[PDB]
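Mind docking chains B, C and D with the ligands on chain A? Use the hints.
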Amino acid sequence: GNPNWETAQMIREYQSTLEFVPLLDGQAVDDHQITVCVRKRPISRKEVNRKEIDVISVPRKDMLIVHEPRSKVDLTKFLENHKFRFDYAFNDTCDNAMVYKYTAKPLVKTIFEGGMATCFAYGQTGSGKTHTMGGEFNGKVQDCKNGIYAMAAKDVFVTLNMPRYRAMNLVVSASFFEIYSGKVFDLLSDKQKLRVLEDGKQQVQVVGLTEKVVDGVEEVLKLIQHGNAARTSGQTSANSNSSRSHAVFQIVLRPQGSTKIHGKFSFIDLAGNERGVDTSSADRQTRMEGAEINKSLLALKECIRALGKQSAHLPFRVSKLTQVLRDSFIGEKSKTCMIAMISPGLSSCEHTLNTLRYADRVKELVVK
Amino acid sequence: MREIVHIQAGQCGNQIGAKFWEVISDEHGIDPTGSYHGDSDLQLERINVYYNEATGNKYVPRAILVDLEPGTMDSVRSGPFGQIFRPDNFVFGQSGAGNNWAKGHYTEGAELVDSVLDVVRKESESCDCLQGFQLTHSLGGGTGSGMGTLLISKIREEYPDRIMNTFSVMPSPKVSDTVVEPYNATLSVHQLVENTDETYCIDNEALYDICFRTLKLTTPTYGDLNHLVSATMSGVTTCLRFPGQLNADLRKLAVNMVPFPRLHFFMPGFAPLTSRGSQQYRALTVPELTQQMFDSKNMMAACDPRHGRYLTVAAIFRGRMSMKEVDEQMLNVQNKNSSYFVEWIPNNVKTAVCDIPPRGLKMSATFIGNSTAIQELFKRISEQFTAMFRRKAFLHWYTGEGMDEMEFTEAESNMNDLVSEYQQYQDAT
Amino acid sequence: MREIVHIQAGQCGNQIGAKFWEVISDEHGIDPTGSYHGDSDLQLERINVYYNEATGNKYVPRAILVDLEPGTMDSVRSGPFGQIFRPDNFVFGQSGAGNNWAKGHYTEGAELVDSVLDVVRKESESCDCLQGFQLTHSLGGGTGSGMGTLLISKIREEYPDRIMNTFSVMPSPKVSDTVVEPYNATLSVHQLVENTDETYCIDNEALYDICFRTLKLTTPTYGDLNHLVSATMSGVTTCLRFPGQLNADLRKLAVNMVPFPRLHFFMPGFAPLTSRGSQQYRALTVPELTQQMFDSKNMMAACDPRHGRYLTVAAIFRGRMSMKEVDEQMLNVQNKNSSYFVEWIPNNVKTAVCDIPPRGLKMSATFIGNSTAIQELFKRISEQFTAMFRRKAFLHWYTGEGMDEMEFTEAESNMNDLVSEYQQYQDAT
Amino acid sequence: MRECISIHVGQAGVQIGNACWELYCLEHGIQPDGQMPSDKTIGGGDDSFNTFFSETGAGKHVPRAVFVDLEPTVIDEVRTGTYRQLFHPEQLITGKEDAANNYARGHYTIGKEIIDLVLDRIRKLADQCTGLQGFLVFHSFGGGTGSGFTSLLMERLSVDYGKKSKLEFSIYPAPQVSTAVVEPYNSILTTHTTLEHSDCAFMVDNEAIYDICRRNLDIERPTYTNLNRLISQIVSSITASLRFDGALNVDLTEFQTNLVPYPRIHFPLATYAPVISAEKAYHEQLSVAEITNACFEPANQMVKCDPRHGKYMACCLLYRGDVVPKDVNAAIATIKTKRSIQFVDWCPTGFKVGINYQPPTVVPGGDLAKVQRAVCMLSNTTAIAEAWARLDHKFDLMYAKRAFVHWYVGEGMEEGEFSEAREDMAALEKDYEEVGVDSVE
Ligand SMILES: CC(=O)O[C@H]1C(=O)[C@@]2(C)[C@H]([C@H](OC(=O)c3ccccc3)[C@]3(O)C[C@H](OC(=O)[C@H](O)[C@@H](NC(=O)c4ccccc4)c4ccccc4)C(C)=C1C3(C)C)[C@]1(OC(C)=O)CO[C@@H]1C[C@@H]2O
Ligand SMILES: CC(=O)O[C@H]1C(=O)[C@@]2(C)[C@H]([C@H](OC(=O)c3ccccc3)[C@]3(O)C[C@H](OC(=O)[C@H](O)[C@@H](NC(=O)c4ccccc4)c4ccccc4)C(C)=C1C3(C)C)[C@]1(OC(C)=O)CO[C@@H]1C[C@@H]2O
Ligand SMILES: Nc1nc2c(ncn2[C@@H]2O[C@H](COP(=O)(O)OP(=O)(O)OP(=O)(O)O)[C@@H](O)[C@H]2O)c(=O)[nH]1
Ligand SMILES: Nc1ncnc2c1ncn2[C@@H]1O[C@H](COP(=O)(O)OP(=O)(O)NP(=O)(O)O)[C@@H](O)[C@H]1O
Ligand SMILES: Nc1nc2c(ncn2[C@@H]2O[C@H](COP(=O)(O)OP(=O)(O)O)[C@@H](O)[C@H]2O)c(=O)[nH]1
Ligand SMILES: Nc1nc2c(ncn2[C@@H]2O[C@H](COP(=O)(O)OP(=O)(O)O)[C@@H](O)[C@H]2O)c(=O)[nH]1
Ligand SMILES: [Mg+2]
Ligand SMILES: [Mg+2]
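Protein chains in written order, with our numbering: chain A, 12 to 379; chain B, 4 to 432; chain C, 4 to 432; chain D, 242 to 682.
Just a few of them, taken from the derived set where beta-carbon distance is under 10 Å, the chain A residues facing chain B:
{"id": "1", "residue": "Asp210"}
{"id": "2", "residue": "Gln213"}
{"id": "3", "residue": "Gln216"}
{"id": "4", "residue": "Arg298"}
{"id": "5", "residue": "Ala302"}
{"id": "6", "residue": "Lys306"}
{"id": "7", "residue": "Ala323"}
{"id": "8", "residue": "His324"}
{"id": "9", "residue": "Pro326"}
{"id": "10", "residue": "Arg328"}
None of these hints come from the bench; they were simulated from the model. C-beta atoms are modelled at their ideal positions from N, C-alpha and C, and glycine is treated no differently.
So that you can see chain A by itself, here it is in the shape it has in the complex:
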């Protein structure tokens, strides 16, 4: 309605004193083998009706700044520039969905180049991340023509149909898992636990898995449905469905019947987190659950703080998912990336900021 408008007067002054190099989805997104990208959701019509104030600058292609109001020791307003050098800094206005393609392009190569090209989706509740990987891209009714996975699950058959890659006698195969309750449940069986061990070559060896073949870009979506048809875990009407399962979408590439693997993907879904202390456990059940998550997520960046550094030692064993993905952290031809999703709330700045603290341990470097 009418918050402090001078809040916005503080914002615009930094804007009209500098260059700004925006970034759109109409350019060749080059390759690095590693990154952490960004994409925010647009300001809603409601937030405008409530006069929500801008909080972001997009000064550059690989950097973003937050506009935090503060106060001094005489109640004088102060503004902070949260200078965050990152790799890819996309706007909420530029959502043409090529971000996935620009993220897929390096990865669509690797498995077909014989490598382990993985990813993760990281973001706050209501930050638009279910609109970012699970699809579809319309923002209205999730119209079943723009499945964001299908923008490279097309590639699974179309880049397969690449005559350069038609030479390779390769099979379609993949696997969905459930990292939850400190255990591994199958999304194909799909109520049973499996166990996973290593090889003399320090591979990974699942025990009792269903490996599914498909000639359908929707047949894999059926297994995402049938995979989600477990509808686990921790379901309620809270966060949001709260059916929080760290949903592994892993790929199994090899020849027709040779049993010899020529690469991998693993694209993983974040769980359903709880907004600080706003939730309630009221049970030793839930008091376990979020604790397991908030550790299991934290340890992930650590071996990446070992691998993205880069370093040598690597403790993949505190989390089973890193025991699943100890493989991925080792290959030289093994890409990785991860995505940030943001909400324009000013109350969200307390959490969209805690979002970004998690990815900073690459030791990015602002030269400004």
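The following block gives chains B, C and D with the ligands in isolation, referenced to the frame of chain A:
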């Protein structure tokens, strides 16, 4: 208040408790019958932590004796305190593991664990609120190796957020009392890294050096070896039973003493330790005990602490003391020996002060350290392990019980990562 | 006040009462002669429920002993309490059923039931007002199977609105003590579904497990097996004899414990049960008894209650207690085990508190449950039944006594509907 | 009559609480059964003051006491000791688990289901009072309840009681000796809310009061019984203005306007004059100018810090007993004369004199004895900035190595809360640079 369930596995483990449960009852003043006849009432203030009440003024120790595979059983019943356990808690079977891991964890454990886990839930709901699961067993053997680790997989599953300590007697690097001793170490610790909060890694050779070099004893019997270990146990739960000016929960230890969720392998320590008649030529002070605690020949770990780096230590002090002397002696050690420690940790020592000593003494202490000097021990076992497996030595007593070759490769690389990620932190970084 | 007629059928049934009638007289303090020598007068307040007066201060148990087919008779007379029954109530015949149903219900019963039903009406009109018809017998055998069900067809006809309990010892699914045991089960229960208000379905294998696993007994005799059953009977009519702060009629049970007029097949339970000398290491409280009552190995039913769903349970408590502890322990069980019960019933538990314990104890209890876990038992008998009938095994001992083939098809489909309509309610709907 | 509300948060506060109320009942002639048989003989005075006490119809006097520690082990010494029948038996034990020295278990996971038992118990006790509410919170840093439960206590009482007085006495950890290794983590996570809600934040230290027991008291063996009695003398040298007839009685609110220049910088760093032994009561006069000059020395501080590396902003001299005001102002310009203790430009005035004419009394059973006069300087400085450099560098040491973090992240807190608490202390300790640097022209 919080209460503690006490579990015993292996032929070793209940023999530890058989002296140990005598110590606690003498710490409060309780007969073989359960009739309390202590001196003061201050020992009555936390009876509930181990002992629950019975009908006529009787106290029953909450001890679930899994390891009474029948030869070991009658000795416990025909002991000094066979008339103190509730006889329905003697949960056991027939024709035991036979120093086989798979006969402890895969075949006979499945014919006993349903009879065990129920009796766990019996004493569980008789408690107001739980934290304590003190498993007393050894590595290397049978029941303590396969049947011991089976409960720790299960009781963690029914109780995800409870304190899990296992005071496991480790193998010895020179005195090998078991031919299959590396094959029981690698498998059982592979459970322990996954599902323990802390453990008290104890060797017998360290107990051998302490009883002979320090206590000057001619013939140390296993009751006298374990009485050293029994001193560790009662010292740690001193503050959860007695009012202290700086208290010590198990969880207060189990947030301070562990930096990283995997590295929770502890070495204990105890002082005073002397050999005398009734005239001994010394004087008990705070720097008297302090120098004794940090001695390389006063470890129950069988390693040189000066070879590794202390990650963190725990000084749990008992008896009447003075905090400044306690503070500055812990200060002076971190000063004069700063090159020993992990340097990139601000404080490397914590304290804990109970206010009541044991019966005979006037002051006492309990050292608990966690070092990169225990990096030696698993290196002194995994090398013994990897010589047996390349020649594929004892496989037909294991593959014929329900195991697999891929299980052994999975087992050691768990242990290979600990010694690898102790080298990261013994290095000056 | 209301009074109870007590009937015994079968070789099993009077052997149950022979210990049981000793218990009631010792519950009040009555000699073998009928001379009352109890301690207080509170046990005198409801003598009339079982015992009517005689000439000089003597009390006579209203027990009509149908089953004294003459071999069983003299043992009852040459027992501890042969000098307590009115000898005209020994109603019997010659050349009995011989473990044949039709020889109990069709041929020799017609030559005895007119001598029985009159003696029923004798003790009937000596009562002020009736409710109680406690038939004590077994299934599986002879007199308890054919002659037992004959009275229940008749006494219901003369007394349509009276409480009808039969504490029938059921067959055992493994220990088969009778070759024709499924043929006596299917026929006699076909009477019981039609004309009983409640029944206490009891197995001997459940009595076998209780006497051995829990009571730790070497050689359980049938006096000691049935003494467990005798504890059930006196516990239920405790409140109809003793003043309790939450009373318990048979009909108060027989409106609460039954949802639907056909499904009235109950399993009993009892606590405390222990093995000791005189020192036992426990303590009697309300949560002490509560956990013991709901145990799968503390059922007299020989089934896993966790396999089925409890429709409803009945906690009949004796001795001095506290209602909040009684309330919350029944509350906590329905909370922690809510997936076990029938979920679409608001409260799944009721209580009943008498104020007077038995002689030796200080507190006691009596569990009565009704479950879809008894769906197992008739399934474990009707499968044994249907293997005999397809080969038409023992028909010439039945068709030659006045039966028909169409009677057997009619008999099992009654029983086939109970297991069918227990599947409707063990399902989560 | 004005009043004060005592909340001894956690185990350090209860040990302090064992002596504070002990000292008061000795001052007001009160036995441990709440009676006053001494003024039954005299028959005058309301000396069981509405400052700290109520009175039932039998004459038994009841404190304004309440205390929470989340573990029954500490409070049972009270409920079995000499002070069993003194307090009202709603002493909130209620801990099914000790907080285990982390902030998260703590403000987040187990502070719930206990705080509603606390705040309700407060407002029952608050309605016994007529006028000035003074919260006196007694917590340490480093402990679980002293940091976790304290941070819950402020943002709930700040809503339920508006803008009344909050006097919270934080035991600040030493830059040299810490009895806990995770203690630098608790001592920064509380600072996100200690800075915001709390009115006045005292600091003391053990390593300062250890030196004083060997130097001024001359005892080689200090125990917490003899440590906390000096902090007990600090409080009684404050609240005596709310109790006793003094030449310049000073309300708690008079502290607040004076000692707090800017709304966040309230850290006023108490001292005392404890040179008693009591052989050194002889060989020594201890006039006004004698005990005034004790405030000079960095060896007389209660915080292990040199005052000579910054500026002062405000001071508060509070005198007890046989004090003459002309002797005060003599002992003031001498402190203005010395150019080493130095002020800022923007506070040319400086001091504030408060004078009771009732001296403190002797705690029997050791250690000190009857001195005729006393002093409690209350003075924030800019020198307290470098004590936080002696804590943040400890904090930033074990942050890069991701230590101790799973017992915070898995207990209801995000890892983003740590860099929130870091940039709080990064911004706050930066602001002390803005104070001493004066705007020259
Ligand atoms: C005259 C005198 O002071 O004798 C001492 C004594 O000489 C010494 C050598 C004792 C003695 O201990 C041993 O010789 C010993 C034997 C087997 C295993 C371990 C030790 C002593 O036996 C042990 C005994 O310990 C206790 O009384 C403690 O309360 C101890 N109790 C038991 O271990 C115990 C023993 C038997 C039955 C019940 C309990 C304890 C320690 C920690 C926690 C709980 C209890 C003490 C002080 C002494 C003797 C009697 C000689 C020492 O041990 C202890 C545990 O105090 C050995 O080094 C210390 C130093 C003592 O000064
Ligand atoms: C020293 C002491 O306390 O001894 C107890 C005893 O040890 C235990 C083990 C008793 C004992 O019972 C049995 O061993 C037993 C034998 C056959 C069948 C069933 C039980 C006891 O015999 C049984 C006896 O029971 C009674 O006195 C009741 O009043 C009981 N009476 C009879 O069953 C009875 C027996 C013989 C003659 C007349 C009556 C009763 C129970 C319900 C309703 C009415 C009466 C009691 C408490 C004990 C002994 C004596 C050892 C237990 O049984 C009962 C019924 O109380 C078995 O588990 C309980 C727990 C008792 O503590
Ligand atoms: N001066 C003084 N310091 C104390 C006292 N008790 C504890 N401390 C200090 O306080 C810190 C430990 O915090 P405690 O107050 O004991 O912990 P707590 O608040 O009870 O929290 P938990 O025990 O963790 O639940 C250490 O720095 C101790 O030196 C005391 O009585 N006096
Ligand atoms: N990038 C985007 N562009 C346009 N609209 C968007 C975008 N992201 C989200 N929206 C719209 O914002 C609304 C909320 O998005 P949604 O993906 O449902 O949120 P969420 O993060 O899944 N919330 P929740 O399930 O409650 O935790 C929907 O109406 C979307 O269509
Ligand atoms: N400290 C100690 N060690 C023991 C004891 N008994 C056996 N051991 C050790 O335990 C291991 C053998 O296992 P044991 O417990 O006897 O086998 P189990 O009965 O199959 O569990 C070896 O390392 C022995 O040295 C004992 O009483 N005390
Ligand atoms: N519990 C119990 N069961 C009995 C007893 N006597 C016989 N039975 C059981 O009763 C059945 C045999 O019937 P029984 O009463 O002896 O035959 P009847 O005389 O023809 O009625 C079998 O299932 C036996 O196991 C007894 O005294 N107690
Ligand atoms: Mg959503
Ligand atoms: Mg505490």
